[PDB]
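Just one protein chain is left out here, and the rest sit where they should.
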């Protein structure tokens, strides 16, 4: 799906996780976030359209997705161990990654 | 690209990294492998075609791509700090990951 | 060094990274933080002093050091590839980790 579509999926699921009561709700939302982040990997954002695809900007753009994907991987291990409150707080650590990439490229 | 397409990209670029004589050749191959791994995220392999998407078999299948994506992340940091022998030796690491997923799911 | 000693090292070096003007100053501070985090691995904090060592509370306590050590690993790769603004911004990432463990266990 397109970069904005993936960002809506990330946004909607981060809010689901915040409001969640149980591990099943949290696991399902993190699974959707993992798929959206992986799908966004290859996107070129509008502000980097005129850069070479090998520019340090596009390199640093993709580095943000490595950080986000790694954080979702850990949050899912914590949810699958039944540590719901820990998985929810780990989902809050995602916000810094969201903000760092937005600050530079949104 | 379909799973088989992404796999040929991973296979071709893993070979380039083993044969490479300079950092630019390793970096280019690692970047292509990262794109192929992220794009493979969404695929259902033939052995799991009749498993539900949000099943445990599909969760366990996708976990191998988190491992691979993390190994490519590290290899690219080694290549970009000029440690090209070290970056190439990351290939021995990636191959174990390739082999574990194939043993279970191919 | 005891836990309190390691914590002062983490606190002092996190400040150096925020104030740093060059890569060498950030790298030196990150290396000191990595040594302090690894050395804190073995500590039993006051709130868990009466929990068994191989208990779940102590496992959950030590998991925060895996997160911190992983964040310092990435920040040092960013500093060593010359991305010093990016390396300093890793401080916002580390501080979340500091705060999550303190909220639960301090």
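A, B and C are the chain letters, set down in written order, and residue numbers restart from 1 in every chain.
By our rule, contacts are C-beta pairs under 8 Å (C-beta built on N, C-alpha and C of every residue); 3 or more make two chains touch, one makes a residue touch a chain.
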Per the touch definition above, residue among C:15, C:59, C:102 or C:106 touching the missing chain:
C:59
Using the touch definition up top, pick the residue from B:32, B:51 or B:93 that touches the left-out chain.
B:93
Which of C:14, C:16 or C:34 sits in contact with the chain that's absent?
C:34
Residues from chain B at the interface with the omitted partner, ascending:
60, 67, 70, 74, 83, 86, 89, 92-93, 96-97, 100
Residue numbers in chain A that touch the chain omitted from display:
74, 77, 80-81
In the whole complex, what residues of chain C lie against the chain that is missing from view?
31, 34-35, 38-39, 41-42, 54, 59, 62, 65-66, 69-70, 73
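Criterion: only the chains that are shown with their structure count from here on.
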In angstrom, rounded to a whole number, how far apart do the mean CA points of chain A and chain B lie?
20
Pull out every residue in chain C that's touching 2 or more other chains.
74
